[PDB]
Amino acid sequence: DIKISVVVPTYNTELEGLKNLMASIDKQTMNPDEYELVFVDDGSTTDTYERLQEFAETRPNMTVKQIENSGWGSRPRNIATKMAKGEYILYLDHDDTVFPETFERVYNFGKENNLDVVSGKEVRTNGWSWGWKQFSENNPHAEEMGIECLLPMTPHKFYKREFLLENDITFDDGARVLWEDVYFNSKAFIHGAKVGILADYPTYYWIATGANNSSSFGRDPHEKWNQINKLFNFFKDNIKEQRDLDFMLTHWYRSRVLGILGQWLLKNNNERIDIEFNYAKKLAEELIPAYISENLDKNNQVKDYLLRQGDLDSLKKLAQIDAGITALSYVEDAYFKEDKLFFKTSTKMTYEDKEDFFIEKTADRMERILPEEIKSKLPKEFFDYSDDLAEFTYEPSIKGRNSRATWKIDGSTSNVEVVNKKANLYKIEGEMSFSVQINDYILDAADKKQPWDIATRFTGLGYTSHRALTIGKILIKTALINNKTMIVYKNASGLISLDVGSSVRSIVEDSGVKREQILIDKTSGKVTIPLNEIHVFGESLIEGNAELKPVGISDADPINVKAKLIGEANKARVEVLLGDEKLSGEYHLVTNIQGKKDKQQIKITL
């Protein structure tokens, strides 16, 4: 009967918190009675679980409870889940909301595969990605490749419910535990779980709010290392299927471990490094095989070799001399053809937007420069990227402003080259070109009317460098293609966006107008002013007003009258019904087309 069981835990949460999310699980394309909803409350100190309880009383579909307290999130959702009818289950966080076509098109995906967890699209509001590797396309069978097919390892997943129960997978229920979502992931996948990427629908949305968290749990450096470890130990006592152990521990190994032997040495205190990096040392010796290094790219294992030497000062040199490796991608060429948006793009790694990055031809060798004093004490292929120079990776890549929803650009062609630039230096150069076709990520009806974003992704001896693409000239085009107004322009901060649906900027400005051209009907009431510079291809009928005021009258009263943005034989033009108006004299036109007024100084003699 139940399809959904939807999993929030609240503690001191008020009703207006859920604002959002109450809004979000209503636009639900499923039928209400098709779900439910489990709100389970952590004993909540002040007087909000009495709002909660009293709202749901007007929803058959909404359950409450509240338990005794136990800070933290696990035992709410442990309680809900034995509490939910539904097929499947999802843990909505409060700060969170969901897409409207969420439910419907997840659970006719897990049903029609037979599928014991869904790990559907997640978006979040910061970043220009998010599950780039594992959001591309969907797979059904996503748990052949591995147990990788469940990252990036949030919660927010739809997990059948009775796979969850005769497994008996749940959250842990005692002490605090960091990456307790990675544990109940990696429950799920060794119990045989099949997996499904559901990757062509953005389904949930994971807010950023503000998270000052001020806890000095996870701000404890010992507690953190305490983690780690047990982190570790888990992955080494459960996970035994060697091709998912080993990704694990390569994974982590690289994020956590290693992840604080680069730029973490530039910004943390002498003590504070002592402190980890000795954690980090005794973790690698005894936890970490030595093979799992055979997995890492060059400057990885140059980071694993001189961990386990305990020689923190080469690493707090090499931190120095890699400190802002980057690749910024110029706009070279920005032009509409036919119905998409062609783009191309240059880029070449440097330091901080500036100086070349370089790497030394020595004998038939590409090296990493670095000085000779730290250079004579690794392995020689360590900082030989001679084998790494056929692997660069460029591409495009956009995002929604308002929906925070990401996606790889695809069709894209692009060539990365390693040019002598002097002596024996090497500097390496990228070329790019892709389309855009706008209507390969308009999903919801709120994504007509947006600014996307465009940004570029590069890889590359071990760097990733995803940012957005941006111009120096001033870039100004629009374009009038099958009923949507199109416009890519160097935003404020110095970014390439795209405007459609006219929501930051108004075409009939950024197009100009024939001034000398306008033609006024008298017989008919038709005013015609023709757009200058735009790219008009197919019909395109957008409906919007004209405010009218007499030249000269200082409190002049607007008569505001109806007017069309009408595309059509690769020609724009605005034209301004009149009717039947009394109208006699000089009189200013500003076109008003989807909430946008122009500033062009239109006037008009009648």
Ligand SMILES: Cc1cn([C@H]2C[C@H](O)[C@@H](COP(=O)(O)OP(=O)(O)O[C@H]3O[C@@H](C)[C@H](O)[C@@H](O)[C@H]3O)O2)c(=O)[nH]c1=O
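Residue numbers count along the first chain shown, from 1. For the two forms, the rigid core is made up of the largest set of C-alpha atoms that agree within 1.5 Å on superposition. First, how it differs from the form solved in complex with 2'-deoxy-thymidine-beta-L-rhamnose.
- With the rigid core aligned between the two forms, only one of 31, 45, 570, 560 has a CA shift of 2 Å or more: 45.
- Relative to the superposed rigid core, the position of the CA of residue 12 differs between the two forms by 2 Å or more.
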The other form holds:
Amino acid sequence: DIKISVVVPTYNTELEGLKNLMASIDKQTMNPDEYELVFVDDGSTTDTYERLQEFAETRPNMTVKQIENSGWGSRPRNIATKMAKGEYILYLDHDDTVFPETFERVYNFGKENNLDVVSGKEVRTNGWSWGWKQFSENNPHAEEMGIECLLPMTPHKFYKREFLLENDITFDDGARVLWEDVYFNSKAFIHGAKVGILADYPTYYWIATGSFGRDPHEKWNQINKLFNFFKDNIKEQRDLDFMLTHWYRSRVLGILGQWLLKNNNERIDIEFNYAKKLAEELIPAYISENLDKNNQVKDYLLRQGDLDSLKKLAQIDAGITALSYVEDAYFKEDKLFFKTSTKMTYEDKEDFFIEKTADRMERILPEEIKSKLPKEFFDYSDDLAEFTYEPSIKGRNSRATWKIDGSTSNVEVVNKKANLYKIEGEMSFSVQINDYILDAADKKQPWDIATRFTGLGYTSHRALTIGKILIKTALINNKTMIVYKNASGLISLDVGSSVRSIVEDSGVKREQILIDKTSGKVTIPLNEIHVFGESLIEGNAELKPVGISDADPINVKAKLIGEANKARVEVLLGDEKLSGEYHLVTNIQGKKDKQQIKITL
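Having looked at the form solved without 2'-deoxy-thymidine-beta-L-rhamnose, could you now put up the form solved in complex with 2'-deoxy-thymidine-beta-L-rhamnose?
The text that comes after this line covers the one chain and nothing more.
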């Protein structure tokens, strides 16, 4: 009885990525006799198929099959699905990895709620978020929210196999199309799939590694295809209007902003006319009535054919952002506290302004463009209460991103001079690092802090920064922690000495080093460090006689102790016979200090 079948379409697969894929399957906590691997090679011209069979030699649950080159992964995915026999199917691409507890957590969640689709938290290499809104909390009855529950609509979810077969849900083979996973997930929801969102554990790592669509005529052929599919197949009004709104905003209106400043005039004219024709033919007017002000402006000028005004608006909007600065950062008890501030600016320089005229707060525009727009489309008066300001964290090893919960933030619209108003935010939050340590590997990792600011239609998710020097250490319940300004001026948090030495960053009270030569113990107290709870981290140290340049290191035991709000390194000389002056270098958790410690024995 197989719980999970992993479908992997391969073609000229990079072997190192394939090794990492197979490794992440083997590390699954689930019993290997409870899942199967179904590999279908899509006519790889390299030696991937022979390597795939080689992997299957020592794995009885792995099936490999060769097919004539299909061109994409839709054909091999369908073939593997028909020959799969597991209760749930994960479509895993040949260059991605799975987290070690995914199979168990996803299946238990799925079986307990009789789900047809488990949308588990997906992780990407780049960016400060992925599925920020959808992966916010676990939802076993996610389909009640509508078709939005399946976003982001990647195929890297777990689908009940019997549900796919029963409604004949397959990938578009013999049809090269764009966003085939949008089609796939839409058909699943159209057929009434019971959807569950598993948000408290990263399940899939979609890795960035580095042709179809590039061409503007092919791209807008696929876009007309996607929108017609929405209009022809989605029968729920709420679901149809969400998909129309979401894809009109992101892919159609999405070229009428900064995209205009990064393309040549030939491509702009070609894609602008496609967008105007698609808006008129497929997008009802009520769709834009529920868009933000700046998108309503873009939709109005698009349907007027006013590309020149859109190009001008893009120059005006170029650079609007919200960067956060650290106002204060310190450890308290078992947590790290932050106070941050931000304000809307151009490129983190001069303030971004809105302007008050009579009883309206208006976007600042030249008179030439305001006279072409409906009065309400540049009146922000009703949107001044919709700002959000939140902190987030990202593990530099795992690439997993999380919102930091419990934050307190406020955003004010402030009159700076005359009738000009700026937008200022202040926030305070704390990090409890255990909230984000889910696999053992997470305990030794650098973490990078960011902030997410939204308002007036703009989204700015950027790394937290600070100007002044910042290095602060903590020893909290056996966790070495170092918050610091990194080389890019951004805020990082080393936990477990993955990048920095806590002894080096804390300093040493060299005049307070104690040598008990009868007990053979050298006590090295740490200078500046926040100590909470009891800690004992075992490590080692190295002694070298001063002067003897090429002397062998004398390896000895050492342990970083946190006790009664103070920290120290105890070095144990053991059975070594020592006389004279020695260089002492501590090695806690793989990081050596640079404190130039010398002791006389």
